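Each chain, written out:
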Amino acid sequence: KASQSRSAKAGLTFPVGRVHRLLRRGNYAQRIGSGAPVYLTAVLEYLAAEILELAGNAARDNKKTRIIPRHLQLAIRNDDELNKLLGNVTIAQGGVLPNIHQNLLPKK
Amino acid sequence: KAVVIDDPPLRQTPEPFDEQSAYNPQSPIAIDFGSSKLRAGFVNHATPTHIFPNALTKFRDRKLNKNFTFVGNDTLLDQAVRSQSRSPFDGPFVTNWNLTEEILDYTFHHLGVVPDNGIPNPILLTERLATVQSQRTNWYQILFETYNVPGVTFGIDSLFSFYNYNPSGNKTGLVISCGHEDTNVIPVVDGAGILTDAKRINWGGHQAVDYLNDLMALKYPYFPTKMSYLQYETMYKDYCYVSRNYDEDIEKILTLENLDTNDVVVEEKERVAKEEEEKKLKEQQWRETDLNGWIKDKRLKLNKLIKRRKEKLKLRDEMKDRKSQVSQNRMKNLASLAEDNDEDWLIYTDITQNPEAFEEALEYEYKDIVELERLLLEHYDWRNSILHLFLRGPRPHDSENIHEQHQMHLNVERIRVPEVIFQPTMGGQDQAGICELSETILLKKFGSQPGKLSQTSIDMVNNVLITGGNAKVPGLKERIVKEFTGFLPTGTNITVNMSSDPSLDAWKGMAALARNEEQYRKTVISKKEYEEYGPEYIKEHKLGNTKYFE
Amino acid sequence: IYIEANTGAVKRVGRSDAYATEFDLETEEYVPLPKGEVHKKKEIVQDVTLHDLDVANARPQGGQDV
Amino acid sequence: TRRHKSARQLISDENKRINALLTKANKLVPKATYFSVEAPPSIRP
Amino acid sequence: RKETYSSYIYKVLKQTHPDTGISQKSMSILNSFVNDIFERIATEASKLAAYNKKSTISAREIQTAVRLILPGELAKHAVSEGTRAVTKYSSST
Amino acid sequence: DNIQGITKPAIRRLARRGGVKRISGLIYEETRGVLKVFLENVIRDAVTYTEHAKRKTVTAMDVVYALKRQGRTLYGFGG
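Sequence lines, in order, name chains A, B, C, D, E and F. Here the first sequence is numbered in this note's numbering, starting from 1 and rising by one per residue. Here the second sequence is numbered in this note's numbering, starting from 1001 and rising by one per residue. Here the third sequence is numbered in this note's numbering, starting from 2001 and rising by one per residue. Here the fourth sequence is numbered in this note's numbering, starting from 3001 and rising by one per residue. Here the fifth sequence is numbered in this note's numbering, starting from 4001 and rising by one per residue. Here the sixth sequence is numbered in this note's numbering, starting from 5001 and rising by one per residue.
Hints were generated in silico from the structure; no laboratory data involved. One should not assume that every hint holds.
Unchecked claim - Which chain C residues face chain D? A few, computed with CB under 8 Å, are given here:
#1 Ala-2018
#2 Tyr-2019
#3 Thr-2021
What the hints assert, rightly or not - DSS-like, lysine-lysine: derived pairs with alpha carbons at most 27 Å apart:
#4 B/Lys-1171 x D/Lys-3031
#5 B/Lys-1539 x D/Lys-3016
#6 E/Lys-4076 x B/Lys-1323
#7 B/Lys-1539 x D/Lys-3031
Stated by the list, open to error - Estimated spans, in silico, between C-beta atoms of each pair:
#8 F/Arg-5016 x B/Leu-1230: 51 to 59 Å
#9 C/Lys-2035 x B/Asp-1018: 51 to 59 Å
#10 B/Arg-1322 x F/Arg-5016: 40 to 48 Å
#11 B/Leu-1256 x F/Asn-5041: 45 to 53 Å
#12 B/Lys-1066 x F/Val-5034: 52 to 60 Å
#13 F/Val-5058 x D/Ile-3011: 35 to 43 Å
#14 B/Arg-1086 x F/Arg-5016: 57 to 65 Å
#15 F/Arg-5016 x B/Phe-1059: 54 to 62 Å
#16 B/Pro-1396 x F/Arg-5044: 33 to 41 Å
#17 F/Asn-5041 x B/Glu-1356: 18 to 26 Å
We treat Cβ as the ideally placed atom computed from N, Cα and C, and that holds for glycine.
Please put together the full structure from these sequences, using the hints given.
Here it is as structure tokens:
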């Protein structure tokens, strides 16, 4: 009779039921369908997985084993759809990508 | 040469009336209430008197008369009155019933019938195999109270055609009926159809025309005009055939030697200037002296410029991929430039993104290639591209002319559309095909083992009949014969029958039943049986339906 | 398959082409149906020498498989 | 007076009438109904 | 008692990078990020359901909200992942 | 040639609305390239609203909501 959660029924590692809870008493709608938390959970799965991929490659690119917010900042700002989505948010302790204008160089 | 299609031409002459002097109050009337057409006539004739599509429409006029009697063949008069026609059939069943009364009144008016207290003639009627009880009770109610006929008979049109082609009434054979909305395989033993083993496939001519419409709209999403149902119907009729072997015809249909035949087409400065003039004069002298060597050098330069431009285009295409190793190398270079010299400053300057400068460099390289081509003159094909072969056939295509911008090609669809009755999975129906249903009827049923056929199975194989309106597609009989030889044991004789026109065999069937034999009276239901047994009464005769339970 | 009536030899040619879509990737090889009849008969003439019979009857280790 | 009674729901109430008759008769095999005539899925791939 | 997503996203990182450590502040940024994304998607879906005079939230309005919010190739990969997840979950038969 | 629908004196009319004495000749095609991305950016969020409404016509009701979603809420046509 005992069966496990809906997250592995959908094959996901994020909690489906917690997302369903937050959608229920988040007063967005008076009635919430069954398939909505699964879809939202899968979208959050792919977004978090892609952000962790870019952060892991950034941390490999600096020869470290830990995720610094510099790695998150360079991974977000280097890539362009993450630039468009996250243009208006300032990452805490992120810094600024190096850029020099061509006319400001010592051209000679 | 592209052939243009249009709407079918309209009937100029109106449909005629039967004479009043030919009225016999005791003669019956045979009515085939098909989904696509209606066939009505008196019993004593051999050919049905009235053929028209089973549709009607309402007409509105400015004079406020509301004349709405455009029924059947009357709709084949104007384009506006034809497009608003509506059939009583929604799917395989009849949903609305006032239009059925109007259609029956129209055909009773055109049959030369003068009634009194209802119609005084018995009625021959067909019905769908294993129909629902509500259709039967409502048919009983309308035919016994609205029109008050003395006698009513029910049956299946495939069984009626089988009785037509063996009027002894006790033969044994196999009936395959390809109708408008469904396909049935009905086994017959001793003249009585064994309805416990008949099978039905939910596919017909209507689904085939809709499948052709969906396929052809998927093939050309930017078609300028919109084509009606009748245009898809007539190019389904004229350009479709059943292949002898689909699994070999698919692998060679798009080759060049096959597409040419069976593809149808349906519609300081002065010193620099003096140096440039001297270089031009030297080039002219070299062209006048050694034209072949200068032509070879210019062709080699054009080839080198084309190779460099191809490498630049390959690099530009590879730079767009985010998951490519060049993008990972660019990310590593950005991380190294962040990690950190004139060389480093030059690398940081040259590591900048320049898409517009890449387009300008491509334009300059194209100009240099054009200059090399002009120097060679002075001194990507569609054969191997299967998408162009599927789209525009074996001829080159240009998009600037309006004649072939309204042009359609039918190459794969000619065998793809009639193949769904053999593989219903292509149409989305999870059912077995015609050949597998015939195999499991003849081989794993009726006291027959695989490898040992009984006498009933041999008599069934020797008397296979194909009927229905959808038997007009060529190549059906040969394919059925080939598959039947495929699964049967060796030495078995297979005989198939097919009419010259298999649409009208059901009308000849009930004409021969009501005329030639007096055993038509065995199946006749009267007033008293309806009144004492109720509408849920079924006569278990040899040509109609049976009781739902055991 | 392939069955010889007189000698009882059995040879497997491969799986039929009608079962080629049970899996996308498979180890079995797929061959079409034979276009001829199932039963075939033929008359052949065998030429042997006495030395071949002497060799075949005098194998020192023993017989061999096909 | 008759309802419009589209072709989808006719299958539904005929099926529910068949199931009601079957559950009355149990607490009797069918012979030839609209659902017994329908072809089974294929066995070959 | 307080709520965080930390073990789940930790597992997501161990699926692709096993030998990688974590700053707690990085969890603070990424928790704020996933909450902010859930925030915009959920009120876009509620706004769209209030537009269509419907009282129910299903998979199709959040599908349209994902198409509205995300850029096009992320939108198509996100709806691909969501559709395969919801069809896997819907096969409870 | 249908992309040549917008005409150069109309761009001049828009320019003199801004109050500019001198217009160079490249500004017309620059504004063409600017406007072409711009209206497509609201056609992006209009027809998806239309499709989610199970409608095959657009109206004044979804286009104002597309502009209100992006951030230039416009008065006059309801909403």
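A quick look at each hint next to the structure:
{"no.": "1", "hint": "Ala-2018", "in the structure": "holds, 6 Å"}
{"no.": "2", "hint": "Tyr-2019", "in the structure": "holds, 6 Å"}
{"no.": "3", "hint": "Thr-2021", "in the structure": "holds, 5 Å"}
{"no.": "4", "hint": "B/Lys-1171 x D/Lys-3031", "in the structure": "holds, 23 Å"}
{"no.": "5", "hint": "B/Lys-1539 x D/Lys-3016", "in the structure": "holds, 24 Å"}
{"no.": "6", "hint": "E/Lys-4076 x B/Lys-1323", "in the structure": "holds, 16 Å"}
{"no.": "7", "hint": "B/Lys-1539 x D/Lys-3031", "in the structure": "holds, 15 Å"}
{"no.": "8", "hint": "F/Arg-5016 x B/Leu-1230: 51 to 59 Å", "in the structure": "holds, 57 Å"}
{"no.": "9", "hint": "C/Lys-2035 x B/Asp-1018: 51 to 59 Å", "in the structure": "holds, 58 Å"}
{"no.": "10", "hint": "B/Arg-1322 x F/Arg-5016: 40 to 48 Å", "in the structure": "holds, 45 Å"}
{"no.": "11", "hint": "B/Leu-1256 x F/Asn-5041: 45 to 53 Å", "in the structure": "holds, 46 Å"}
{"no.": "12", "hint": "B/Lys-1066 x F/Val-5034: 52 to 60 Å", "in the structure": "holds, 58 Å"}
{"no.": "13", "hint": "F/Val-5058 x D/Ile-3011: 35 to 43 Å", "in the structure": "holds, 38 Å"}
{"no.": "14", "hint": "B/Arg-1086 x F/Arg-5016: 57 to 65 Å", "in the structure": "holds, 59 Å"}
{"no.": "15", "hint": "F/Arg-5016 x B/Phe-1059: 54 to 62 Å", "in the structure": "holds, 58 Å"}
{"no.": "16", "hint": "B/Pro-1396 x F/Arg-5044: 33 to 41 Å", "in the structure": "holds, 37 Å"}
{"no.": "17", "hint": "F/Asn-5041 x B/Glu-1356: 18 to 26 Å", "in the structure": "holds, 21 Å"}
Checked against the numbered hints above, the structure violates none of them.
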